[PDB]
Amino acid sequence: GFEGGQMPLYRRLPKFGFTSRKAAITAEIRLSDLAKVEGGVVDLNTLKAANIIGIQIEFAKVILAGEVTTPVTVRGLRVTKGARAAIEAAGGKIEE
Amino acid sequence: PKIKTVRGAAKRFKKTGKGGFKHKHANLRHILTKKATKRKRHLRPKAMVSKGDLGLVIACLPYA
Amino acid sequence: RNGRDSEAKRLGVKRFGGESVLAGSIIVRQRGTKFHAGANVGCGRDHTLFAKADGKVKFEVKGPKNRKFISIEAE
Amino acid sequence: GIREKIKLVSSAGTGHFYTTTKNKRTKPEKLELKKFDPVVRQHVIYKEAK
RNA sequence: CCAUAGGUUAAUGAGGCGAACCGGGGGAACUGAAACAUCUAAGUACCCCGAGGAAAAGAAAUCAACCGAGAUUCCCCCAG
RNA sequence: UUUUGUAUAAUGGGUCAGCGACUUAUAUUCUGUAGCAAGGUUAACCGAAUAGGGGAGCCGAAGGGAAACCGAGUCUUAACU
RNA sequence: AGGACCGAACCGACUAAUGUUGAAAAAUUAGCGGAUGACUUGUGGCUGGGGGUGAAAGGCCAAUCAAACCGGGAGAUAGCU
RNA sequence: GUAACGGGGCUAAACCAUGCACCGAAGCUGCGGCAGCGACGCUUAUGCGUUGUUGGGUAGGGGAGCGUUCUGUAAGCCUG
RNA sequence: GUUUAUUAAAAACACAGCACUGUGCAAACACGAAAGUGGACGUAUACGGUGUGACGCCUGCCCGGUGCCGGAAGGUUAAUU
RNA sequence: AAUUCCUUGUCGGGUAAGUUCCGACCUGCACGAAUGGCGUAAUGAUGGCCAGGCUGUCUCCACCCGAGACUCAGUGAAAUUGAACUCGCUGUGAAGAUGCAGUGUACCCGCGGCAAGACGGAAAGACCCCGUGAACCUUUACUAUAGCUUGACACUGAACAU
RNA sequence: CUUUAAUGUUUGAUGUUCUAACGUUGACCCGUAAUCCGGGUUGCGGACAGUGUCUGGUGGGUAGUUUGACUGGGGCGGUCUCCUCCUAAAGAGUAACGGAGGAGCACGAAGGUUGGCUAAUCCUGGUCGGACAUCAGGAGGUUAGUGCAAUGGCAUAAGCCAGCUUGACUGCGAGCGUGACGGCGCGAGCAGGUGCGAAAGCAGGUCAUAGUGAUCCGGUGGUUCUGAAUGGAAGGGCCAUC
Ligand SMILES: [Mg+2]
Ligand SMILES: [Mg+2]
Ligand SMILES: [Mg+2]
Ligand SMILES: [Mg+2]
Ligand SMILES: [Mg+2]
Ligand SMILES: [Mg+2]
Ligand SMILES: [Mg+2]
Ligand SMILES: [Mg+2]
Ligand SMILES: [Mg+2]
Ligand SMILES: [Mg+2]
Ligand SMILES: [Mg+2]
Ligand SMILES: [Mg+2]
Ligand SMILES: [Mg+2]
Ligand SMILES: [Mg+2]
Ligand SMILES: [Mg+2]
Ligand SMILES: [Mg+2]
Ligand SMILES: [Mg+2]
Ligand SMILES: [Mg+2]
Ligand SMILES: [Mg+2]
Ligand SMILES: [Mg+2]
Ligand SMILES: [Mg+2]
Ligand SMILES: [Mg+2]
Ligand SMILES: [Mg+2]
Ligand SMILES: [Mg+2]
Ligand SMILES: [Mg+2]
Ligand SMILES: [Mg+2]
Ligand SMILES: [Mg+2]
Ligand SMILES: [Mg+2]
Ligand SMILES: [Mg+2]
Ligand SMILES: [Mg+2]
Ligand SMILES: [Mg+2]
Ligand SMILES: [Mg+2]
Ligand SMILES: [Mg+2]
Ligand SMILES: [Mg+2]
Ligand SMILES: [Mg+2]
Ligand SMILES: [Mg+2]
Ligand SMILES: [Mg+2]
Ligand SMILES: [Mg+2]
Ligand SMILES: [Mg+2]
Ligand SMILES: [Mg+2]
Ligand SMILES: [Mg+2]
Ligand SMILES: [Mg+2]
Ligand SMILES: [Mg+2]
Ligand SMILES: [Mg+2]
Ligand SMILES: [Mg+2]
Ligand SMILES: [Mg+2]
Ligand SMILES: [Mg+2]
Ligand SMILES: [Mg+2]
Ligand SMILES: [Mg+2]
Ligand SMILES: [Mg+2]
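Chains as they are written, first to last, in our numbering: chain D, 855 to 950; chain U, 4 to 67; chain C, 415 to 489; chain Z, 4 to 53.
Derived from the structure by calculation, the hints contain no laboratory data. Take the hints with a grain of salt, since some may be wrong.
As the list claims (entries may be wrong) - Simulated crosslink set (DSS-like; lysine-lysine; CA at most 25 Å straight-line):
1. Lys8(Z) / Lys41(U)
2. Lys49(U) / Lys27(U)
3. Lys30(Z) / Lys38(U)
4. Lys876(D) / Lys43(U)
5. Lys10(Z) / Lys37(Z)
6. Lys30(Z) / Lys37(U)
7. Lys43(U) / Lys37(Z)
8. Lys869(D) / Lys890(D)
9. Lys38(U) / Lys876(D)
What the hints assert, rightly or not - Listed next, with one range per pair, are the computed distances between beta-carbon atoms:
10. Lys17(U) / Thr924(D): 51 to 59 Å
11. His461(C) / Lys37(Z): 28 to 36 Å
12. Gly438(C) / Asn899(D): 53 to 61 Å
13. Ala878(D) / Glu421(C): 29 to 37 Å
14. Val12(Z) / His461(C): 48 to 56 Å
15. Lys54(U) / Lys935(D): 46 to 54 Å
16. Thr40(U) / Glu489(C): 33 to 41 Å
17. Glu912(D) / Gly16(Z): 17 to 25 Å
18. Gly936(D) / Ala13(U): 27 to 35 Å
Where is the CB? At the ideal position from N, CA and C, for every residue including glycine.
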């Protein structure tokens with residue numbers, strides 16, 4: 855960072871933002887995964903048991919990340935607008 | 004020895020999808036009354052670290 | 415008692431007669447209207463002349479005071 | 004300098020304000036001007052000139 | 001005055017040494033901050049006191065999160 | 001050796017032989033390369049000891065936004081051509 | 001009688017020559033000043049380092065003093081050669 | 001110390017002009033040789049016979065290598 | 001008399017003398033976290049500091065600044081409440 | 001003037017000749033009354049100037065006695081030193097040449113002398129700048145702080161008037 | 001309940017008195033053949049001194065440091081940022097302690113728009129008309145004027161005047177120009193909403209280029225974005241801004 859006696863960019867420029875305390879317990883799940891849950895039920899903790907998200911996550915989504923295969927019942931997870939069509943376009947079930 | 008971050012660097016830059024860094028404009032803090040509204044409008048939105056300046060901030064953020 | 419000067423403002427012509435420009439591209443930075451905006455060319459608050467249309471720059475002298483006018487014909 | 008910064012407050016509850024300057028000696032009264040309140044989306048009257 | 005000091009004698013022990021960890025009592029500046037006084041170097045070097053096969057900590061007025069994990073010294077993550 | 005420049009009357013070596021100056025540690029990043037590959041590797045720790053076990057965890061497939069969140073979008077703005 | 005007088009031993013150091021890889025890390029040779037006094041000396045003892053002691057020159061503190069000597073932080077820092 | 005043609009000497013061996021020769025360089029050319037890259041002639045883990053070119057060099061950057069000392073293949077292989 | 005031992009012996013430091021000023025003694029000061037020693041087994045005709053330097057003739061003018069002595073009514077004024 | 005810049009001031013005094021000295025004047029660049037003023041007999045290895053003495057200090061050096069130099073024997077060092085087949089002059093060039101150029105001069109090696117040169121030896125210039133260097137000193141620099149001082153609660157309480 | 005006295009208590013102040021902590025480097029006794037020391041008695045003092053905690057003052061006594069750079073050595077003197085011209089060799093840039101000047105402000109209209117308007121100075125004539133206040137005539141043609149330095153602009157005026165007013169609007173942004181950088185600047189057009197006009201239209205500040213201050217720490221005000229168990233809260237965030 856030394857740029858000569860001149861004020862470096864990281865002092866030149868201002869701070870912004872705060873950390874909210876949520877990134878570390880919220881994970882995202884892709885379609886290339888979910889079939890590996892070795893039990894055919896997608897819950898809040900099944901995915902934890904399978905070592906796919908992480909032990910301290912409390913919220914999860916699904917997003918549209920391609921390839922959707924075996925029918926799954928996504929329970930206690932949010933599903934994006936797109937993802938619901940892919941999950942159902944291969945059966946599966948969504949419930950709150 | 005794990006590396007130590009220049010911690011002030013980490014409070015002004017966040018890394019984007021391809022590998023550059025986004026940042027906030029200077030001058031937005033005080034002494035705003037004399038500045039034209041247009042000038043402040045184009046300074047509100049975030050910017051990219053320029054090519055000439057990338058060669059050091061990256062030195063400062065090995066864990067970004 | 416001296417010892418002062420001003421920074422150069424990098425004025426002068428940026429696009430000359432016979433050059434393809436987009437819209438918005440600056441053609442001349444000036445102090446007064448040494449050059450004037452002609453057909454299809456616009457004038458900013460510091461008399462910076464800019465293109466209002468895609469095309470080629472054209473310097474002509476028109477009217478009774480022999481002023482220089484810059485226009486842009488689409489190509 | 005010798006010209007003070009003031010704040011104009013929107014006469015519609017919004018918390019939008021403009022900032023400008025004033026010769027407080029030569030111009031002692033409260034400045035009053037229509038400006039666009041981006042919250043009520045209309046040209047409302049603005050007050051204050053400290 | 002009683003009394004306590006004070007005195008006398010036996011037996012018993014303690015006295016000092018030598019690396020290092022430990023525990024605690026004391027505690028710098030150079031340096032770095034391309035000046036330097038906050039901060040850094042460091043609770044580091046040094047002082048002393050003491051000590052075991054180790055010491056010191058140790059058994060929830062500790063955490064958790066409305067589900068529960070349960071003394072406590074240590075190895076890698078968490079995580080620069 | 002140093003300089004703009006040195007027979008330079010600028011510096012260093014009297015001669016010899018031996019000694020005598022870009023290393024060690026961990027990170028992180030580029031390259032050459034190996035294995036493996038939408039997955040790649042485990043750390044301690046166990047030990048029949050470099051074998052084998054151990055995926056806690058870390059890198060990646062998805063990032064936009066301070067964050068809420070939304071998600072092949074998203075942030076802007078009341079909405080954007 | 002006197003920090004009187006001339007003046008050896010004693011003490012000290014104004015002049016000059018030598019000596020400068022000296023005989024000697026200040027001395028010798030020719031003169032010098034003081035020599036019963038605030039004298040001179042033996043033997044011991046006491047002051048310890050931003051401290052001492054000084055009839056004051058920053059003088060003396062073991063041939064070292066604008067901060068003595070040994071070992072330690074220590075390969076301090078060296079943007080300099 | 002000649003000491004204001006580098007010297008001796010020069011009335012041209014000075015100067016102007018027109019010519020025509022001749023010396024003169026690590027340049028050009030000639031002959032032999034090496035490397036880099038470039039292509040063909042052709043096939044091939046090519047190499048060339050070729051063949052266009054190119055090869056002064058601080059700092060500095062790239063690339064290919066020689067040898068020392070120690071371990072293994074090495075109870076192998078040398079060696080009175 | 002004294003001095004920079006080891007280039008400065010002097011017009012320098014000291015001296016008796018003179019002045020100012022602190023000091024009632026468990027003094028003031030000075031050494032030392034403190035005990036306790038000096039001062040002094042002295043007691044203001046005595047002790048400390050500071051300036052001046054025998055003897056002679058003498059030491060004027062300024063209190064605004066500056067530094068000290070005294071002042072205590074009013075201004076500002078900390079902890080605490 | 002131990003102060004005086006101008007200044008060798010001016011004037012007298014001494015001398016043949018006196019930027020010093022002595023005397024004076026006052027124009028005090030820029031004396032002064034205990035950071036003492038003026039003057040003082042005595043004392044002083046103190047500073048300045050002069051005079052009778054004395055002279056090798058000198059004019060201007062002559063001659064002599066000894067110690068080393070010098071010759072033999074015995075013993076035996078030193079700093080320095082890229083390498084030496086280590087010359088004059090002129091010019092040249094990192095601008096002052098034993099090494100270049102031109103040119104002149106010179107048989108090859110000692111021992112005794114001098115010291116003009118080797119930008120001689122010795123010392124990583126003591127002047128001088130520069131380093132965001134260092135170390136002791138200063139004060140109405142900064143900032144803290146010992147000592148001194150102000151108080152407040154505590155050690156630390158009991159009565160009475162107001 | 002409105003108001004006050006008494007007393008008891010409580011504690012606040014001012015003085016006087018006491019004695020028991022608290023001092024005694026007053027005398028005597030004892031441990032005892034002891035100038036220490038302790039205990040004991042007694043006199044003297046006494047809620048004071050002295051000491052610890054904190055607090056205002058003092059403090060080169062002693063400590064740590066700072067004490068700019070440039071510069072035709074340094075110091076002295078001057079400079080340090082911006083703007084205009086110039087050297088600058090006819091695009092941009094260009095140097096020195098080269099040559100001349102300026103800025104650290106002003107404006108609620110000295111801003112937008114609609115309509116509409118034209119200077120400087122010679123000659124002649126004219127009340128008080130004086131060389132030059134003012135009316136008139138022609139000559140004259142931006143030398144005037146531009147809120148101020150220079151330069152380039154200016155008549156369609158950017159100059160001068162007015163009625164109406166607020167576009168000095170908030171959101172944005174094709175494309176560029178200039179920057180090592182941070183940044184700096186030009187802008188047709190778009191949504192919203194606006195002013196003026198009959199309208200086409202013109203307005204996102206002042207003819208333009210000076211009118212300056214990054215980062216931090218903190219301050220307002222709106223914003224449900226965050227809220228360390230939860231609900232709020234605090235602090236953090238963003239916008240506005242000092
Ligand atoms: Mg995981
Ligand atoms: Mg803000
Ligand atoms: Mg430092
Ligand atoms: Mg320091
Ligand atoms: Mg234990
Ligand atoms: Mg429970
Ligand atoms: Mg040089
Ligand atoms: Mg070079
Ligand atoms: Mg030589
Ligand atoms: Mg040199
Ligand atoms: Mg040399
Ligand atoms: Mg040498
Ligand atoms: Mg005598
Ligand atoms: Mg005598
Ligand atoms: Mg002497
Ligand atoms: Mg001496
Ligand atoms: Mg003798
Ligand atoms: Mg003698
Ligand atoms: Mg002795
Ligand atoms: Mg020292
Ligand atoms: Mg250290
Ligand atoms: Mg070293
Ligand atoms: Mg001639
Ligand atoms: Mg040839
Ligand atoms: Mg060939
Ligand atoms: Mg080469
Ligand atoms: Mg000595
Ligand atoms: Mg002498
Ligand atoms: Mg006295
Ligand atoms: Mg005196
Ligand atoms: Mg007072
Ligand atoms: Mg005379
Ligand atoms: Mg004479
Ligand atoms: Mg007086
Ligand atoms: Mg005086
Ligand atoms: Mg006197
Ligand atoms: Mg004497
Ligand atoms: Mg011999
Ligand atoms: Mg040469
Ligand atoms: Mg020569
Ligand atoms: Mg000699
Ligand atoms: Mg030399
Ligand atoms: Mg020399
Ligand atoms: Mg040197
Ligand atoms: Mg100091
Ligand atoms: Mg300088
Ligand atoms: Mg130009
Ligand atoms: Mg007239
Ligand atoms: Mg809470
Ligand atoms: Mg807030």
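For each hint, the structure was consulted:
1. Distance check on the hinted pair: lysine 8(Z) and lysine 41(U) sit about 19 Å apart at the alpha-carbon level, within 25 Å; holds.
2. Only pairs whose Cα atoms come within 25 Å are accepted, and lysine 49(U) paired with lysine 27(U) is accepted, the gap being roughly 5 Å.
3. Of the pairs offered as hints, the one joining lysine 30(Z) and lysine 38(U) holds, with about 23 Å between alpha carbons and a cut-off of 25 Å not exceeded.
4. With a C-alpha separation of about 32 Å, the suggested pair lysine 876(D) and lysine 43(U) falls outside the 25 Å cut-off, and the hint is violated.
5. Straight-line distance between C-alpha atoms of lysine 10(Z) and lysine 37(Z) comes to about 14 Å, which keeps the hinted pair within the 25 Å bound.
6. Straight-line distance between C-alpha atoms of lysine 30(Z) and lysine 37(U) comes to about 19 Å, which keeps the hinted pair within the 25 Å bound.
7. Using a Cα cut-off of 25 Å, the hinted pair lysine 43(U) and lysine 37(Z) holds, with the two alpha carbons roughly 21 Å apart.
8. Restraint check for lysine 869(D) and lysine 890(D): not satisfied, since their Cα atoms lie roughly 42 Å apart, outside the 25 Å limit.
9. At roughly 37 Å between alpha-carbon atoms, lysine 38(U) and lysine 876(D) are farther apart than 25 Å, so this suggested pair is violated.
10. Restraint check, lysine 17(U) to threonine 924(D): a C-beta distance of roughly 37 Å breaks the suggested window 51 to 59 Å.
11. For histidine 461(C) paired with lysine 37(Z), a C-beta distance near 31 Å keeps the hint of 28 to 36 Å intact.
12. Judged by the Cβ atoms, the range 53 to 61 Å given for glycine 438(C) and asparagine 899(D) holds: they are separated by roughly 57 Å.
13. The hinted window of 29 to 37 Å between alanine 878(D) and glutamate 421(C) is violated, with their beta carbons roughly 50 Å apart.
14. Checked against the hint of 48 to 56 Å, the C-beta distance between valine 12(Z) and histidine 461(C) comes to roughly 38 Å, which is inconsistent with it.
15. In this structure, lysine 54(U) and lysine 935(D) break the distance hint of 46 to 54 Å, their C-beta atoms being roughly 38 Å apart.
16. In this structure the hint that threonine 40(U) and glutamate 489(C) lie 33 to 41 Å apart at CB holds, the actual value being about 37 Å.
17. In this structure, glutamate 912(D) and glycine 16(Z) break the distance hint of 17 to 25 Å, their C-beta atoms being roughly 39 Å apart.
18. Between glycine 936(D) and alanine 13(U) the C-beta distance comes to about 34 Å, which sits within the given range of 27 to 35 Å.
The structure does not agree with the numbered hints 4, 8, 9, 10, 13, 14, 15 and 17 stated previously, though it agrees with the rest.
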